[PDB]
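The form solved without this ligand is given below as one chain in structure tokens.
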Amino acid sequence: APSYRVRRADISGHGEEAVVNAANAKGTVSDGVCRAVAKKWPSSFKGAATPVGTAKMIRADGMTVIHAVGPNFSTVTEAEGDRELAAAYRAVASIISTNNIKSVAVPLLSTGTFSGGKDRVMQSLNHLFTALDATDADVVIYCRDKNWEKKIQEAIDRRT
């Protein structure tokens, strides 16, 4: 059984065994979590392009980086994006499990420039739970916002 906690902090300062990048399909550096990951582990982007709804792992710069591509909700229907977001987190969980990764720092996929102008924190979080529940990892959810942190914490507590 996995554990979940939430941390309001820069994901690049995480204390876990692996980190999930909120990647884009082309493997390019963009603002936010992605830029933080690229500054800290710059060689982790080599060959990281992966389709929407999948994830791709690399060991680089003494870190395990999982590039997970959630959908851009401007470019898919609502139901399609929901399916793709679910798949992205399932791909993450698969990488966690198959590589015996014991703790992981995870951002909320598709919540920023990919959100298509809708609040997706809870949508993303609930897919995160469903997927990583298949694992036994200590999951640390990273956010920047004090509003989000309490919301996520409530959600974790509601499960307890």
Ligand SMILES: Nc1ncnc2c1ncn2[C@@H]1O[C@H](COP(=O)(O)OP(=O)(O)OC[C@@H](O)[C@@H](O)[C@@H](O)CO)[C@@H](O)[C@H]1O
Second form
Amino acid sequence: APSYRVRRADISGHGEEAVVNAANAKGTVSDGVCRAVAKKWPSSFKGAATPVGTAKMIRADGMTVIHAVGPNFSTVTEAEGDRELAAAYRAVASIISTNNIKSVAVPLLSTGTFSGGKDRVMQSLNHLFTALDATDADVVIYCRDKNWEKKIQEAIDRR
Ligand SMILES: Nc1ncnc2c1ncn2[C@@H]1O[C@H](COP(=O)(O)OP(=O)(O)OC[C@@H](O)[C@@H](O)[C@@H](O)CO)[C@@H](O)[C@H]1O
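Please give the corresponding structure for the form solved in complex with this ligand, as opposed to the form solved without this ligand shown earlier.
To see the whole picture, the full complex is given below, headed by that same chain.
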């Protein structure tokens, strides 16, 4: 069974075996988690382009980087976005289990740039749990907001 905990820290300082980038489909560096990942592991972006709802892994800069493309909720219906968000997290879980990754730092996909202006912390976290429950990985969820940290911790605890 996987273990879940939450850190309020820059994900670029994670202590896990792998990190999930909240990526865009073009594999470009822009504001958000992606900027922190590009600064710390700059060569991890080579050929990282992957369609919405998929994930693409690379070993670069002594790190395993998993580029997961959550939906942009400005560009899909709510139901379409919810399916694509579930798919991105399942693509992450498959890469974790198939590559024998023992621990992973995970941001909440589609809760920032891609949130379409809405609070999607619980939507994103519920898809994260459902997908990563298929793995044996130690999962560390990263956020920057003290309120999010407690929400996430509350949600971890309720389980
Ligand atoms: N350094 C950090 N450490 C820990 N948590 C962080 C972080 N930077 C941002 N976050 C949080 O991670 C979540 C996903 O944000 P993001 O805005 O990065 O994630 P999405 O909403 O999936 O959008 C991805 C796009 O921004 C895409 O173009 C990429 O360029 C960006 O990733 C948001 O809740 C942010 O508050």
